[PDB]
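This document opens with one chain alone, in structure tokens, the form deposited in one PDB entry.
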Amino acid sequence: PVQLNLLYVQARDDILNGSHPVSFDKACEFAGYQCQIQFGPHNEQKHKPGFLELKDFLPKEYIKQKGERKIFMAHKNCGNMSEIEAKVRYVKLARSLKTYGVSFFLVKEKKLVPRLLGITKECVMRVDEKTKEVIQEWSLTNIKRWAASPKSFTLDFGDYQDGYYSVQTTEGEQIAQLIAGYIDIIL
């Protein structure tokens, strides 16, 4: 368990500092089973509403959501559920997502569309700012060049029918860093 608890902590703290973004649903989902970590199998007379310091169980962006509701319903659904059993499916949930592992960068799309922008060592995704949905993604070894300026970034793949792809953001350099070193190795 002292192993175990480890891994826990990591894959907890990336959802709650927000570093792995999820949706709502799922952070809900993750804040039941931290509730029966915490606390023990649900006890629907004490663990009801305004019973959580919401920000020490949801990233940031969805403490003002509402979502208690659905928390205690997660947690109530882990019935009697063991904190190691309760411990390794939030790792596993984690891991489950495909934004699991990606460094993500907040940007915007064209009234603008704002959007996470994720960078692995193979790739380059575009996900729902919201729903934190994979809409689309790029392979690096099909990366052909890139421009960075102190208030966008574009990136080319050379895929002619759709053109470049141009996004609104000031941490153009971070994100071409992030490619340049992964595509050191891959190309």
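Numbering follows the first chain given and starts at 1. First, how it differs from the form deposited in another entry.
- Between the rigid parts that turn between the two forms, the hinge residue, out of 37, 76, 102, 62, is 102.
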Second form
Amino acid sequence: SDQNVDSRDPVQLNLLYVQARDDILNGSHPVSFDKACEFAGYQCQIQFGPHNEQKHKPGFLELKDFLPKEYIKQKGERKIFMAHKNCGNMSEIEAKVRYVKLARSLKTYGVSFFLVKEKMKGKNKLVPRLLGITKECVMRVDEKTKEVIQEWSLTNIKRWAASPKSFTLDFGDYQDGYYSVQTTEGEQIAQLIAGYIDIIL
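Could I see the form deposited in another entry next, after the form deposited in one PDB entry?
Just this one chain is shown here; partners and other molecules are left out.
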């Protein structure tokens, strides 16, 4: 046994773990249902220790403490315990490390997202959509699966406009027709875009 001594600062690790966990749990860092349950599995390993079939069954958890709000009304508890099982006898520190690394490995990691509303096709009711802004692009993300559906290079943005209830993008030659969405965060979005575009030259 032994030999490999862990010299990682557990205090620093816990700080990184808590930030990552909280961003996922409160929606700041949007993740898919499958990923949320995988994270939840590590959370269980961290707070409860190795999975015990005798006690860790549905009804044992307060799902609001282990999953983003939008996934609580689903059969996630079952998926969570399978992920918990996978951890085997993994140590609490190892679990935290796996959690942070999994979070950092996601394409959505560190991305500033805004929940906006899009009006489209043959639908009268607006559709929720995650609008992400990075130093390289603007991306339209599915609010349910969290998958990227469309992406625009910042270099293709001609101009933009914000109102108290909207944000609009004009891609010039790129495409005939603006991109406009309903949001109360229009100026916050404009500011981020503005800062990122200033540097793109």
